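Before any questions on how it binds or moves, here is one chain, the form deposited in one PDB entry, in structure tokens.
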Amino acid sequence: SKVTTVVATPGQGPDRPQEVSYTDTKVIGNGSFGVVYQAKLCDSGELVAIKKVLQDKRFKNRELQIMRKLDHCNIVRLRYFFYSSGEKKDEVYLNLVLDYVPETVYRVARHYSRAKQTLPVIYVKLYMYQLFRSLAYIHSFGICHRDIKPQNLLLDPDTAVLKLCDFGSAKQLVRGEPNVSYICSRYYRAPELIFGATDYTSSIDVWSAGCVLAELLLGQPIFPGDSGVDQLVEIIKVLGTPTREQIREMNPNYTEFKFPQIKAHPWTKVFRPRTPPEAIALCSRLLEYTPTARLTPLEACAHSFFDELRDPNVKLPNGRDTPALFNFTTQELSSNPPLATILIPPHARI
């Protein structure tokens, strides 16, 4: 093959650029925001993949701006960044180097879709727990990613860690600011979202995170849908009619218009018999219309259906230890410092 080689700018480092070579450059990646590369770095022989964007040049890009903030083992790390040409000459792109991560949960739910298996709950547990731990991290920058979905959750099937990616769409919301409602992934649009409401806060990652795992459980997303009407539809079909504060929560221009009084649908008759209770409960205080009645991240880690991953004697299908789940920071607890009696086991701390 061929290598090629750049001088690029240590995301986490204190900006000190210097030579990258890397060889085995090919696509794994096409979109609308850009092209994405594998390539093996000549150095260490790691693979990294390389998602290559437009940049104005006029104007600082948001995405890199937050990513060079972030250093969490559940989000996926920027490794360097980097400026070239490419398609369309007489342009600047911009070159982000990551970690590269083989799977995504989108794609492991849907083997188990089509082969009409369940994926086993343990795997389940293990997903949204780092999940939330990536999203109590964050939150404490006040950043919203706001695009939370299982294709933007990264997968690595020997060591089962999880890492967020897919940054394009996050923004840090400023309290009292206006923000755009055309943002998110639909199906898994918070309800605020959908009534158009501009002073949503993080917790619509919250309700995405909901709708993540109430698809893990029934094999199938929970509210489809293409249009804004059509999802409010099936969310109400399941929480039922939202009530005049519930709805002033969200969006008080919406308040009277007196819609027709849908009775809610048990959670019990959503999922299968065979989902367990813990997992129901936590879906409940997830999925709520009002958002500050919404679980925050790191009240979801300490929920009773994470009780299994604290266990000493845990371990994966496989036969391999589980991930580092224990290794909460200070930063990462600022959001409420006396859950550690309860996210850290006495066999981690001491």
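Numbering follows the first chain given and starts at 1. For clarity, a rigid core is taken as the largest C-alpha set superposing within 1.5 Å between two forms. What changes on going to the form deposited in another entry:
Note: rigid core superposed between the two forms; among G240, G86, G219, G228, the CA shift is 2 Å or more only at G86.
When two forms of a protein are overlaid on their rigid core, residues whose CA moves 2 Å or more are considered shifted, and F257 is one of them between the two forms.
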Contents of the next structure:
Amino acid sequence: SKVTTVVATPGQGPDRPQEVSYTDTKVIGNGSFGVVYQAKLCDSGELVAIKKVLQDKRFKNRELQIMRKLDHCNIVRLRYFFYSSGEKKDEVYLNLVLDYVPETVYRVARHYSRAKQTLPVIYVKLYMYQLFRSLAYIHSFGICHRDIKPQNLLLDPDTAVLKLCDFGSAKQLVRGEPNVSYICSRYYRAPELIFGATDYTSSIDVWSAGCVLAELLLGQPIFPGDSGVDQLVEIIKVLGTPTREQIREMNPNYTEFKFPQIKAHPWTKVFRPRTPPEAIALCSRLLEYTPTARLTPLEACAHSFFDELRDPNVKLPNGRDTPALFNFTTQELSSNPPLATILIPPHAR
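What's the form deposited in another entry like, now that we've got the form deposited in one PDB entry?
Partners and other molecules omitted; one chain follows.
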């Protein structure tokens, strides 16, 4: 029972609207942005999400604009978009029909931490690797996600496919043009953001991804606190006080403020023992005060921490093959093509 039928434009096709029918409409997500539905497509029977936001008629919807440009194994796909609403309002809503994926890194991590246990490092490698691809991809367009966190990392429990989602904060950054600093979420904000910088770069996403990796290793977020001050105290307990040369590289307006004069904690006893050394080493190269020093998503994918993934004989724990991982396009590799010699091993060419 109850089939909904709407007139939608495909996400990447040509702008030519078709009838699209779907059932099993249920609310799965609600909040500020608007509402997210689950439904099943009547044709091929496939599961999809429906992000429904209010449309500003002034000019285009940034998120729609970005989703239509993107096509990537590790990013949720925009299948259709369409407009709506017929009950009692008189505003126009945009609805984005997206690929559906049932689990999130946020959930998996919560299951492990609650059960006082650690995610096997193979999953950590798998998930973080695909994240870096997704970022290397979007960054190559100049798009910055600006809200990297465990709730926006989607997972296939059986195939270990991670797909990045929620582009409702994404922005194409232009060098010299101001950006709002108040984006990005509670545990995952780069110090330049905590400092109110309006000229950050994409390296805010690498910082965040470091917070997720560190979290998956620790079983809890590495820099907690309900405020900037509190978060910064955590950051400093681990990184030490930023030098003046680092403060100015984050936000020059902040060089004269009093900071807790705390010395650098050795990165090793941040994590418990038998945490892989390559995992720690990678964290330290992501979570650097000076934005320009953080690794790039592409350089991260090539870090020795992901070597296991490159061994021909790697299998998933459940015995299946690992998901696609070496199918790099030129776009994906544009930032630094000579990396391909590490990124794509002898066996899959």
